[PDB]
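K.L.:
Letter by letter, the chains look like this.
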Amino acid sequence: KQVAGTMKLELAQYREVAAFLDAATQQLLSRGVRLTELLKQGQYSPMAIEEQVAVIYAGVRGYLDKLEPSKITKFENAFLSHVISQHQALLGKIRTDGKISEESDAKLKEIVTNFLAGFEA
Amino acid sequence: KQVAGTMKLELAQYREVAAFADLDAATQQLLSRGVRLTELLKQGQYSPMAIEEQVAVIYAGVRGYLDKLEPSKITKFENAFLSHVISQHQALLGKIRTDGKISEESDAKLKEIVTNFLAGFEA
Amino acid sequence: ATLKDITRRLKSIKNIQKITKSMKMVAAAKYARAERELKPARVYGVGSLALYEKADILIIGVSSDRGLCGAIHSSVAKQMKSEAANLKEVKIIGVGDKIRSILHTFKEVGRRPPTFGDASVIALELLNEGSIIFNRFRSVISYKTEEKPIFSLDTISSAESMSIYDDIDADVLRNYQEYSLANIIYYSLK
Amino acid sequence: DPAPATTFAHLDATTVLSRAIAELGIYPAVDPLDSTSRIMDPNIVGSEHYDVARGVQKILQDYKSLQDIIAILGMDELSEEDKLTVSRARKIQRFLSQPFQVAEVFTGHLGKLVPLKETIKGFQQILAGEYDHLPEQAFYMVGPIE
Amino acid sequence: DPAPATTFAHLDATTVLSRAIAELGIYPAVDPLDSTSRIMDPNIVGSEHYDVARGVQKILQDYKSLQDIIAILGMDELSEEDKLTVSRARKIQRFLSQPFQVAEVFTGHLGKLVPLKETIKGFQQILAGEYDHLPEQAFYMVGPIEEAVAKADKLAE
Amino acid sequence: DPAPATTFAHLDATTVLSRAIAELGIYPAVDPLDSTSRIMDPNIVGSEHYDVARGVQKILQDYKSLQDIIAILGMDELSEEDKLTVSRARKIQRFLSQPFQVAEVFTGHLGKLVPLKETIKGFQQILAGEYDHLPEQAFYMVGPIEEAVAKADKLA
Amino acid sequence: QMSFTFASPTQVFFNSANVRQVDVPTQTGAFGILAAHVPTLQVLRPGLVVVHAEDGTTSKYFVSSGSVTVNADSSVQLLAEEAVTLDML
Amino acid sequence: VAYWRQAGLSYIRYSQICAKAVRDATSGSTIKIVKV
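Residue numbers (the deposited numbering), protein chains in the order written: chain A, 384 to 403, 410 to 510; chain C, 384 to 404, 409 to 510; chain G, 1 to 57, 67 to 96, 101 to 117, 127 to 150, 157 to 218; chain E, 319 to 464; chain D, 319 to 475; chain F, 319 to 474; chain H, 15 to 103; chain I, 1 to 25, 37 to 47.
None of these hints come from the bench; they were simulated from the model.
Some hints here could point you the wrong way.
Derived DSSO-like pairs (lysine-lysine); straight-line CA-CA distance at most 27 angstroms [as the list claims (entries may be wrong)]:
1. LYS382(F) / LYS14(G)
2. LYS18(G) / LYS430(E)
3. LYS439(F) / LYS472(F)
4. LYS455(C) / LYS430(D)
5. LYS430(E) / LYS391(A)
Using C-beta positions, here's what the derived DEER-type ranges look like [said to hold, decoys possible]:
6. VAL45(I) / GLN385(E): 34 to 44 angstroms
7. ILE390(F) / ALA338(E): 22 to 32 angstroms
8. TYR171(G) / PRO453(F): 13 to 23 angstroms
9. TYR171(G) / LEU434(E): 51 to 61 angstroms
10. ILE390(F) / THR332(D): 32 to 42 angstroms
11. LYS439(D) / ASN150(G): 22 to 32 angstroms
12. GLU399(A) / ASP386(D): 16 to 26 angstroms
13. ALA321(F) / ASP319(E): 22 to 32 angstroms
14. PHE508(C) / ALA389(D): 37 to 47 angstroms
Far from chain G by the CB rule (all over 12 angstroms, computed), these chain E residues [unchecked claim]:
15. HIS328
16. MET358
17. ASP359
18. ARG372
19. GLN379
20. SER405
21. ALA407
22. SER415
23. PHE441
24. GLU448
25. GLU454
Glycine included, C-beta positions come from ideal geometry on N, C-alpha and C.
Make the full structure from the sequences, and use the hints.
P.N.:
As structure tokens, then:
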């Protein structure tokens, strides 16, 4: 409910200025296009709710704003495999805490920023 | 068939490209040809043509001999050219009609007829 | 005339409209500014043309590279072709790829607001009788393509009427022309 | 369509809600530029109320124009004047928002019932600027101006 | 129409033909954005085949969405990326046409049969930009991609 | 509609009036690209009448075709030669207008009867470029071509 | 009376103003134009400009380059590429 | 003759430099050359 609300609003704000300039609307476009890629999904792999959240989180907190949009699907797949393997504990708490704690926030930023730099290597 | 073989698809592609269109050289040549074949397929009423005569007219356009002629002069060229072939080259026309084909020889013959007549007409 | 087709066409023209309307707003804006930067530049430019008003003495078209401003680049093109025809030996320039396009140089015009710095580059390029064609702003709803003479010929500028002018060396003058040549280009751009 | 077309012959007023407004977070999601009354005029509601209302549509339809330029050219090409119409307007936008008693089960926040008096007043001000320094929050999802 | 709308549920693959495509001389007149198959799945035909086919659909759908702005604001008003969508989509449209053996009485061209790997490769190469230099008419009515490179040479006189 | 549509076959000449044209103030409000006659043949009306009528129809259809593509972006983006199809077609459309004796109350213009040879000359001249310098408005609501010229002077 | 006109490509300090005298930095010396000087032409030098007002206390300006023109009619035009008042240097 | 002439420089070029110097104590150049 927390990250969906943010995404709802940023997508609405994206729709309003789309198909197009000031930096503020460069950012609104850059975010919308990225949230759009994140909503893509292949068949036959429904996801657990914490996994969905970890993913939406990467986008609404801006961690993917500088990644080329065409690489987001590959990013999300590798990022998800990585967090499911090495970070089961973070997934537990996202699932459990009932709302993104200060801890998960710090942890997610750490995993994301560094996984992404590797991924762009 | 020797002269009309691929003209239908060519004309349909020409129309699409005319509407869509620093055009590249192939696009330009496609436009120059289609605009000219379009004039050549205009025809008035009540004077249906013998097949060998239709062949001789279309030859002129599909072998590239009218590509530099101004498009508004095509119909007048065609009318003058046909009178000339009918009047002085009956044999050639009879051969295309009778062989039902354009022989190697009929083709060399038409080529000089067209180019020389065209230079005159353009004078 | 099928619901679907009509429907598609309805949303798309709706985009176009949103887009063209904003583009209008930008133009107005850039025009708002341009209008200002022109008050002073016209003083500076007229002022530089004074010597020829007071003393009786190449085709250069000026527009830009972009836009849907249609009658803008056409008028300059119109008046440029007219001249080249009515004339002896010609060597030309257009400021804006658009001039090059409309005819067959310079580019990066109109996109952002022009400056003396741009003018100096054209002048400089040209040094390594002329006329300069551009649109004189009257109204938001009107402009006119004037031609301004470029006597810049240093040679031409050595004539009787200038006998009244005190100092003047053949080369204190060469510098004066060069500079004036750059003010008339700057003025056209603005 | 025949159904709304027949129905309209019997209406004296309308209340038009909008998804684009709901999605950008304002509830109730009323479009202030598309609701009317077969009878809203100074003779009826009285100059005061009237003027407060009508003064709010001009600001809104004025802020709407400046939207393109703000997004495209940047919220800076605005003249000190126009720049004023924007902050007043955005402020009026949110003062139009309202927390509903029946909405408590959703947002968890308290609801407010606002008297015509307290409503007409608070909107009359804005123009003034008694709140220019006042940020756009003591305005979003509140009841009375205070 | 009720007859064809009811037939769709009985099929595993569909090839939908269109008069608007036929009219341009593109044969076979297959609408590439309305022809479907139950086995068009990466786990069945493999990810390369699957990815190229979806990239062909995407560029054709993006070109279709721009056509009515090009026609009104002109190509110059388009971004450079939008310009590549255009030239490449228009080449891909022609490369999907093909001379059929049973259609020689109609095209004046010899028929062609193109192996699955050559089809995949030709389209992957166009999408990748390998032929941004060749004219559009080179991809029209041919078989394999080598045939378009040769037609481009022919046309260049 | 089945009624007007079935009537077409019973005719030798059809004059089709259009509301759109009437709303542009062109009277009689005849659609010049939907009015036909079985007698419009060069062996009947002679080759000059026939060639001028075909040239007028070609220029008006060419213009109609440009309109469709200018719908949004006006004539600026248009190309000078097409600019010439437009200006001529616009003059021809107005010269097709004409004040009728029975309509003087609505046009506030005396009625005019134009002889056949003069109708041909005037359209022949416009198509030849002889009046590319006159304003459009001058060809509106007059009789013969000499009246357009006068009205042009009057407009100055 | 002489009509003075001083400006840069961006700013205009004087437009046809009745000034008593003006001092300019030239390639050859630095001279004061008088409401009645013989016609001369000159190109500027980085230096100082002084405009003697109709009412004493004279205003100063700094110029990098440009031109100066004095006409038989008492009209004077001073045009500098860059022109800033010492106040901002 | 000045020093900079004889050295190839012109006057516009000269003003260019002095103008700029006053500044350091407008002036863009977006323009681009298309020589062919």
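K.L.:
Taking the hints in turn, state whether each one holds.
P.N.:
Status of each hint after checking the structure:
Pair hint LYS382(F) plus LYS14(G) holds up; C-alpha atoms about 24 angstroms apart against a cutoff of 27 angstroms. Taking the CA atoms of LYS18(G) and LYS430(E), the gap is about 38 angstroms. The hint is violated against a cut of 27 angstroms. Under the criterion of a C-alpha separation no larger than 27 angstroms, the hint pairing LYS439(F) with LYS472(F) is consistent with the structure, at around 22 angstroms. Distance restraint check for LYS455(C) and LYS430(D): the Cα-Cα separation of roughly 34 angstroms exceeds the 27 angstroms cut-off, and the hinted pair is therefore not satisfied.
Between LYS430(E) and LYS391(A), the direct Cα distance comes to roughly 26 angstroms. Compliance with the 27 angstroms bound is thereby established for this hinted pair. Restraint check, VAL45(I) to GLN385(E): a C-beta distance of roughly 38 angstroms satisfies the suggested window 34 to 44 angstroms. Here the CB-CB span from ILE390(F) to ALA338(E) is close to 25 angstroms, well matched to the stated 22 to 32 angstroms. For the pair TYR171(G) and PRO453(F), the supplied restraint of 13 to 23 angstroms holds, since their beta-carbon distance comes to about 21 angstroms.
Under the hint 51 to 61 angstroms, the C-beta atoms of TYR171(G) and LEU434(E), about 54 angstroms apart, fit the expected range. For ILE390(F) paired with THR332(D), a C-beta distance near 37 angstroms keeps the hint of 32 to 42 angstroms intact. Evaluation of the 22 to 32 angstroms hint for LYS439(D) and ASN150(G) yields a failure: the beta carbon distance comes to about 51 angstroms. In this structure the hint that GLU399(A) and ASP386(D) lie 16 to 26 angstroms apart at CB holds, the actual value being about 22 angstroms.
Between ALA321(F) and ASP319(E) the beta carbon distance is about 28 angstroms. The supplied range of 22 to 32 angstroms therefore holds. The supplied range of 37 to 47 angstroms is met by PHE508(C) and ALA389(D), whose beta-carbon atoms lie about 39 angstroms from each other. The beta carbon of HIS328(E) sits about 30 angstroms from the closest Cβ of chain G, which is more than 12 angstroms, so the claim that it is off the interface holds. Under the 12 angstroms C-beta cut-off, the non-interface status given to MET358(E) relative to chain G holds; the minimum distance is some 30 angstroms.
Distance check on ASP359(E): its Cβ is at least 32 angstroms (rounded) from any Cβ of chain G, clearing the 12 angstroms threshold; non-interface status holds. The beta carbon of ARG372(E) is kept farther than 12 angstroms from every beta carbon of chain G, the shortest such distance being approximately 25 angstroms. At roughly 15 angstroms from the closest C-beta of chain G, the C-beta of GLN379(E) stays outside 12 angstroms, upholding its exclusion from the interface. In this structure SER405(E) is separated from chain G by more than 12 angstroms, as the shortest Cβ-Cβ distance comes to about 20 angstroms.
The claim that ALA407(E) is not at the interface with chain G holds, since no C-beta of that chain comes within 12 angstroms of its own (minimum 17 angstroms). The non-interface label for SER415(E) is consistent with chain G: the shortest C-beta to C-beta separation is roughly 26 angstroms, beyond 12 angstroms. A cut-off of 12 angstroms between C-beta atoms confirms that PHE441(E) is not in contact with chain G; the least separation is 28 angstroms. The claim that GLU448(E) lies off the interface holds: its Cβ sits roughly 31 angstroms from the closest Cβ of chain G, which is beyond the 12 angstroms cut-off.
With a closest Cβ-Cβ approach of about 24 angstroms to chain G, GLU454(E) is found to remain outside the 12 angstroms limit, as its non-interface label requires.
The structure does not agree with the numbered hints 2, 4 and 11 stated previously, though it agrees with the rest.
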